[PDB]
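Just below is one structure, and these are the notes that go with it.
Only one protein chain is missing; all other protein chains are in place.
First chain written, first letter: the chains are A and B, and each begins at residue 1.
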Amino acid sequence: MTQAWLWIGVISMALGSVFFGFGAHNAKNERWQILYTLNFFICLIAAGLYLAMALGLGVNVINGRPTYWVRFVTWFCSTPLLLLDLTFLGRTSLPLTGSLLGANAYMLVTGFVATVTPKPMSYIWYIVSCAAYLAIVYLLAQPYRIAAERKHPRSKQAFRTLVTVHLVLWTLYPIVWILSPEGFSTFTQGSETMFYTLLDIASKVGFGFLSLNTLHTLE
Amino acid sequence: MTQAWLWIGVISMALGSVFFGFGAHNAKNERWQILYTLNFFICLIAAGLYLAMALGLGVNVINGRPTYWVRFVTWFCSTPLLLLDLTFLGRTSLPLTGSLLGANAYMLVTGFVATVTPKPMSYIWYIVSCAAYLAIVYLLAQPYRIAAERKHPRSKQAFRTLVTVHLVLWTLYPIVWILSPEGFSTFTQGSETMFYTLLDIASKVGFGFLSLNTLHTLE
Partner (left out) sequence: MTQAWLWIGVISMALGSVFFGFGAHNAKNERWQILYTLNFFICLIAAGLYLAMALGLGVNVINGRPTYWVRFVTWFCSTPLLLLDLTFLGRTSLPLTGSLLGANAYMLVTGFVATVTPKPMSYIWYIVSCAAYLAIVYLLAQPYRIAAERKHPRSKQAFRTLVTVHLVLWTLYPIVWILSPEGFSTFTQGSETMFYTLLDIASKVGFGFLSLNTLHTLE
């Protein structure tokens, strides 16, 4: 059921926050503190999202089906910080950071329009949103990776792992979307929630740990 | 269905035992043999639990719902050995081992009372059981980790990984419990079984492999 996964999401994000929080406090140096604090806020942001959705907020019937528009409101806040874990670890220049944040903001807004518009029109917006996402794939796969590998020549494998896991996790969101009642409707509303919840826990708590392990590798 | 996951649990634990068994035999030295044998017994204990539950044993209708009280009977036997993988790898002193086993035994007995008592009374016992679990979180996170890191100074990352994975896996059990009909009832009896089965395979077969990889790291 929808409620079950929304409550699993609340506790998992809340417990993720406690761990990153206890890590933020008791951090060795400033570099460790910033990384734990970024991840603490990401999980606090997702905890709030799931708490509102679990309590039945941020949902309205759009085009016949119940739609959690609040997901886009918070993804607009957490995804930029999730991209900052990468640029912070990589020590990426401000212009590339701006490009990434720019493309990320374009993808979510057009992605939001695809969710609230009736079909076939929504497919146009889904396509626009995917092109913005493919602009991010390129930025991380090419200029981000190159700059990060030239800055950390003994740790090329750490950035390949960061980027690849990021690519695998972020690609499943438009897939879930196109297979849900928003697209082809191959599965219900209940499966869509389970999928987004598993994806969110993985992209926030999971990537959270991966970014800390990456910093231990970099030393 | 309940039966499906109970039979997946039997085979997974049985197959886990065969692998640790074949490892116990053909072990290089005594240190490797003890680790494979600990894990062999853990999985043999879980195989028996799932075989009894799959055959419909160790279940009675308590407070209107069917309750697998046999889970606590075997968790009382396997969880102490799962804590011994940690103290064995870490080379932890007997007093700390006793403290861990003590808190672990207190958590399961009060945890068992929470399962057999009617609500609201059961919430008191759930809270007592959680405090005992938080005493274990502390012991592993602080004196266990410190002693293990001072004994293995080149392998601090191995113990951070052992402890963190242990913390993530063991925390999901009270979550599953509070969301099941024992607590808030956000999901059925069929989902509770699937969850405990996935958790058990992960905590026994999965942690089993993680503890062997940790020993290879320590050399």
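The definition used in the following text is that a residue touches a chain if its C-beta (ideal position, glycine included) is under 8 Å from a C-beta of that chain, and two chains touch if they have at least 3 such contacts.
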Query raised in the report: Looking at the whole complex, which of A:1, A:18, A:146 or A:175 touches the chain that is not displayed?
Result: A:175
Requested in this report: Check each of A:26, A:63 or A:186 against the chain that is not shown and name the one that touches it.
Outcome: A:186
Report task. Identify the residue among B:138, B:184 or B:209 that touches the chain left out of the display. Result -> B:209
Query raised in the report: In terms of residues, what is the contact footprint of the unshown chain on chain A?
Result: 157, 160, 164, 167, 171, 175, 179, 184, 186-187, 191
**Report entry** Those residues of chain B which, in the complete complex, touch the missing chain
**Finding:** 1, 3-4, 7-8, 11-12, 15, 19, 209, 216
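Everything below uses one rule, namely that only the chains that are shown with their structure count from here on.
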**Report entry** Where chain A and chain B are represented by their mean Cα positions, the distance between them in whole Å
**Finding:** 31
